[PDB]
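Undergrad: Using the sequences and the hints given, assemble the complete structure.
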Amino acid sequence: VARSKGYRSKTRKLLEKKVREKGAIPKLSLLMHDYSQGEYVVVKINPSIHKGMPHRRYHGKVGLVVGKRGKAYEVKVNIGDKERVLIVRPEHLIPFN
Amino acid sequence: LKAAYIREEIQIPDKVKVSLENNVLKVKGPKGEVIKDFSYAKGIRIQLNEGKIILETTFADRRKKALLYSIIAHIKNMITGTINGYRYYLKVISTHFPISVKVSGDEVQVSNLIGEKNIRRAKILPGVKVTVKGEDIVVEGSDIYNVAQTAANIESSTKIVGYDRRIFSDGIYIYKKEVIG
Amino acid sequence: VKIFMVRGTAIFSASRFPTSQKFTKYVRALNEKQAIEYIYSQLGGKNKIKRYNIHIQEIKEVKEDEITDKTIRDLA
Amino acid sequence: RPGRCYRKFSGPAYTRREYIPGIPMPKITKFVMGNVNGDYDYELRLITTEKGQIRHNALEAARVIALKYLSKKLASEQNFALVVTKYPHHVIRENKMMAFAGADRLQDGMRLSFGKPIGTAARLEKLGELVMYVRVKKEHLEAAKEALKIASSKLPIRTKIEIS
Amino acid sequence: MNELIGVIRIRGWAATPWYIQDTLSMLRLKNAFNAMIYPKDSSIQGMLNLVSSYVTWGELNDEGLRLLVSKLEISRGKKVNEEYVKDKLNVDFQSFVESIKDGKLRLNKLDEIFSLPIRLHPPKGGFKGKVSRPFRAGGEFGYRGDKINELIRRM
Amino acid sequence: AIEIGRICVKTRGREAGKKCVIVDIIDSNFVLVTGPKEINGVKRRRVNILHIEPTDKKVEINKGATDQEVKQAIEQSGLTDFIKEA
RNA sequence: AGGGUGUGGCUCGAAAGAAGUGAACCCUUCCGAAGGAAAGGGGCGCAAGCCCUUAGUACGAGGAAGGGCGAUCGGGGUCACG
RNA sequence: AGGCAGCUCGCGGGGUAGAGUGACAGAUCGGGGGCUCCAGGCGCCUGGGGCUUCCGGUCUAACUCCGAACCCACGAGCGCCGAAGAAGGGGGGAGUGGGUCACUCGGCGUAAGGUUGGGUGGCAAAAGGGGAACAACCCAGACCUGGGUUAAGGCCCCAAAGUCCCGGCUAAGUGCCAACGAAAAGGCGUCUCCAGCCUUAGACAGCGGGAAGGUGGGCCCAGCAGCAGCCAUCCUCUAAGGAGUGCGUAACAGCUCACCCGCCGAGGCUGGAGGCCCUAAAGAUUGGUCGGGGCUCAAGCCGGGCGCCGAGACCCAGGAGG
RNA sequence: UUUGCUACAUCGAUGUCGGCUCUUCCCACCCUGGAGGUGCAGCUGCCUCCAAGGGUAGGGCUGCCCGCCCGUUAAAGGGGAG
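Residue numbers (UniProt numbering), protein chains in the order written: chain A, 2 to 98; chain B, 4 to 184; chain C, 4 to 79; chain D, 4 to 167; chain E, 1 to 155; chain F, 3 to 88.
One or more hints might be untrue.
35 angstroms max Cα-Cα, derived DSBU-like pairs, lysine-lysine [to be verified]:
1. D:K148 with C:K25
2. A:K62 with A:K52
3. D:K141 with D:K11
4. C:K63 with B:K68
5. C:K36 with E:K109
6. F:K12 with C:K28
7. E:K101 with E:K88
8. E:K130 with F:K59
Far from chain C, some chain F residues (derived; all Cβ distances over 10 angstroms) [as the list claims (entries may be wrong)]:
9. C10
10. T13
11. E17
12. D26
13. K45
14. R47
15. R48
16. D58
17. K65
18. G66
19. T68
20. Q70
21. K73
22. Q74
23. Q78
24. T82
It should be emphasised that the hints constitute simulated quantities derived from the structure, not laboratory data. For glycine and all other residues, C-beta sits at the position ideal for the given N, C-alpha and C.
TA: Here you go:
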């Protein structure tokens, strides 16, 4: 039985959040800091926020700030031997290291 | 366990001479004399003391120690016959037909049983005397084994009663044994 | 001759019982090296116990006039 | 069906009733016998040795045989108590379709060969897990030994006893 | 834990898992009966652990090192313009330690820095000298302390 | 016979046929022997019972005697030189 | 069963291949790869053996010189046995 | 002129193994306390019904308050390849889309040389040595000739080398089998090891006696005169005895059981586990085995050990080709 | 021994049920031999064990197999060998 390729398929706990941080977006402190080109970021999807949700296929990875469009940022990530760009709102980005 | 060094002695009774050689034992006594071989006592050394029997061995197993005592019992039994006579007893009980037995040299014959016209026979080992007085059979001899196997041979012959009949306690049977004489 | 005292651990499915009918033995030997072989010799084959799970705990010498067993005693 | 058919494990557990319709009712209904809360002294338990699954059918039979042996011994309410530990949470499933459909040229063979619920088992996952146990006084351990042991005669797997 | 470490490969290069086959290649252990020396560190430690079931490694001694080095031949030399020259004297050093080394113009003074793959000889009397399977842990494959020194002395 | 006081000859090992004297028993099949002034010098050590051959000659000694003691005892029997009598 | 293979036996060998300007065959001397002894000596181990020495020595795959002998070898066919 | 099939460090991601269920969702066993209703019996008690609380236990692929090993991202470092033989870009030409098996973690199904997944390895297209022969099992990647050393395995003969050593065990030819070939139970048959209880203030066993009496108490019972159906129980007593065990008997009677004494001077007895072995254990395909021969203080097994043979793998020498 | 699945082998054929004749095998023994227990007075029983050397029919209905039955016999054993 082939599984449906739903955009959130097979995520029964990928988008589950530890109960200690439920509710509306707590971490305003992370968002307020601004990125510039060449910065390195880590993607951590917030299941609560329905805006600009990146696909699960690139979660928990290393990202590079290559530019800015609108309220959101675009991020370059290597997955295989190719290149890809992920345009995302900042509320799933945490600085590296 | 492991029996380390077990030693036993046999005090040879008087009026007896004992000869030992080539791991072959012979005992002479007033009642009689029989030669008994003991070449099969591997792992056991036999010392013939001038006035007793010295038996020693080192580090015997569970098997050997039973063997050693087993050897011991026969030798004194060998001694016992040469001094005191072995007298097995065979008592005969019959229900409907009286039982008759006669001696034939080294062979025994019994007939007039519960109705069968056939003959029954048993073998007697050489050098063994067996007689009948009445209602009882006397088995004489020095060697303890010789009489019993001879006595048993009679017992097998008279066992034939046991086919598809509940046993009628009829035939030749062992009574007692070993009068002091 | 320096009788020896051996008390060691050997296992299949937790066969530890530091007392006297499922765990350990006595030994008569000259030195430790000859003595240590004997426990390997017996327990190795007498009960299918590899030297893997052999763990000697205490090895020492007892004095020749006090051993609870007489069978080991009289053999001198 | 023979007990050798379900001794080992064939796949994961099988537990969710709401996901698995129509489970045949297990044979076992009573799990505790004797005067619980009664005063007992000997504390013997029962231990298993190898892994596996035990059909409830045998267990219920094991339940009955244990009771009668004790019941004839002293009484049923007397100074003893029998409690079986495990429960038939696990469920077995068998492709029975080869019986009915296996003689009418219907979809026979391994075709659609998912199992069908016919029985339940008390699952064993730990080496040396409790199965049942009995509590008595000092004066009746001797009757309790075989009492567990006779029950163990019917269990599919090798068992062990102890004294406490 | 000392700086000077070495390794010998005893297994062939067939039936070699993808994990490891290139590691010895990355460890320049193209095929069994080969060696070289490394500065010990946690970074090296990973390979030896991962390749343990195929090789034998440990800490050298002076006796082993001097014996080990003395084997470089017509086709077993330093990275002196390739050519694997036969060292055979300070002469090859004297004209060619002036490239990467500094101050090492003595045959004895090679106790610091680096080397290349070397083609070994079979262990004398059988690698199964007292062993029979080459796959016992603590005895056969991996780390053997100073004992690797005698093991190579047999080589 | 195999008991203390017996003089035997080694079978295997580097000895391979020199004198030896039992001094004490040890186990099932190890015993204590020594050679007082054996022409090579027999080391006072354990020996497997299978690795000696019992000859006829004997010595009268006390259990666990020292090498000098047997070195001294062989004169009583004269075996100081009579080792090679058989 | 078959063929290739080693040792042989018996056979054909005019030319076409070697070869009397030396084949084939014997010695003697020399060099020597890796590799690699033994007797004896001493010591150790219950033993089975090892350790240093004898020694990388004798030995050795390969290659060089001399001599003595004196004409077939290489080659083809079959067969015996491995 | 960097590149990255590995590792280390740093820095992140994770809900799986496991574990818990009073942390949700369910599943599920019992007891205790209190409240409530009903039935029965004499306001009380008993049983049953519902509710609550407390205490205890049993499970979860579609439960997760937690949660590894582990795997993955990126940076730096190590390490390796690189201008003799070169990150990226372009271009010509293909075959390949039925795999299989071994190991390992799954699912389905009991199962399957079944099928269907994850990872690795051959094989396919991989000779050479062993496993008896052999696609896949282990060793190990064949330019050639020659020499030597070695691997997996083996070393009584076939057939190269050990009738090699120590210690111990097996009596069935059990066995002499990695990939393959017997379950539960029974065995004090044997061989070693843990407990517990009596033992020179005389142990077990063995051999004779006292081994008993009001009383054979007895209840109903002709009689049960322990032992017909329920059961108590005192001194005459002491180095010894019950108001008493099994045979028994219509009822007895009687023989014994329980206890001491006389000899007795070494251990004895009961639960425990293991190794090997016996039963369990029965198929012919036609005919008897571990390969056979044959092997039994082993030519088996276990603990170990010691020494060798063994290929084309490796070393060397000579030639050859890219 | 059938019967369920497996598709590894056979689709440029391994010719398919039964029966007839004929040979052989196996033992989980039907009888015959040996031994025993029995709720075995004896016969008849019932059951266990060993034992495959030999034997183990003739008919009716049914094409069979199976099955039902007739009258004797020691019984009228069951399976294999494509």
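Undergrad: If a hint holds in the structure, say so; if it does not, say that too.
TA: A quick look at each hint next to the structure:
Distance restraint check for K148 of chain D and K25 of chain C: the Cα-Cα separation of roughly 23 angstroms lies within the 35 angstroms cut-off, and the hinted pair is therefore satisfied. About 19 angstroms separates the Cα atoms of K62 of chain A and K52 of chain A, which keeps this hinted pair within 35 angstroms; it holds. Restraint check for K141 of chain D and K11 of chain D: not satisfied, since their Cα atoms lie roughly 38 angstroms apart, outside the 35 angstroms limit. Of the supplied pair hints, the one linking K63 of chain C and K68 of chain B holds, its CA atoms being roughly 33 angstroms apart against a limit of 35 angstroms.
Straight-line distance between C-alpha atoms of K36 of chain C and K109 of chain E comes to about 44 angstroms, which puts the hinted pair past the 35 angstroms bound. The straight-line distance between the Cα atoms of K12 of chain F and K28 of chain C is roughly 32 angstroms, inside the 35 angstroms bound, and the hint therefore holds. The suggested pairing of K101 of chain E with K88 of chain E holds, with an alpha-carbon distance near 18 angstroms, which does not exceed 35 angstroms. Proposed proximity of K130 of chain E and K59 of chain F is contradicted: the alpha carbons are some 43 angstroms apart, above 35 angstroms.
Once the 10 angstroms rule is applied to beta carbons, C10 of chain F is consistent with being away from chain C; the minimum gap is 19 angstroms. Remark: the non-interface label on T13 of chain F is consistent with the geometry, its nearest Cβ contact in chain C lying 20 angstroms away (cut-off 10 angstroms). With a least CB separation of 19 angstroms from chain C, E17 of chain F remains clear of the 10 angstroms interface cut-off, as annotated. Under the 10 angstroms C-beta cut-off, the non-interface status given to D26 of chain F relative to chain C is violated; the minimum distance is some 7 angstroms.
For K45 of chain F, the requirement that its beta carbon stay farther than 10 angstroms from each beta carbon of chain C is met, with the minimum near 12 angstroms. The Cβ of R47 of chain F does not lie farther than 10 angstroms from every Cβ of chain C; its closest approach is about 8 angstroms, which violates its non-interface assignment. Not every beta carbon of chain C lies more than 10 angstroms from that of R48 of chain F, the smallest distance being close to 6 angstroms; the non-interface claim is violated. Every CB of chain C is more than 10 angstroms from the CB of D58 of chain F (nearest about 26 angstroms), matching its label as outside the interface.
Non-interface status of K65 of chain F relative to chain C is broken: a Cβ of that chain comes within 10 angstroms, the nearest being about 8 angstroms off. Listed as a non-interface residue, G66 of chain F fails to keep its Cβ farther than 10 angstroms from every Cβ of chain C; the least gap is roughly 7 angstroms. At roughly 14 angstroms from the closest C-beta of chain C, the C-beta of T68 of chain F stays outside 10 angstroms, upholding its exclusion from the interface. Remark: the non-interface label on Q70 of chain F is consistent with the geometry, its nearest Cβ contact in chain C lying 19 angstroms away (cut-off 10 angstroms).
With a least CB separation of 20 angstroms from chain C, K73 of chain F remains clear of the 10 angstroms interface cut-off, as annotated. Every CB of chain C is more than 10 angstroms from the CB of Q74 of chain F (nearest about 21 angstroms), matching its label as outside the interface. Against chain C, the non-interface label of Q78 of chain F holds: every CB pair exceeds 10 angstroms, the least being about 24 angstroms. With a least beta-carbon separation of about 27 angstroms from chain C, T82 of chain F lies farther than 10 angstroms from that chain, consistent with its non-interface assignment.
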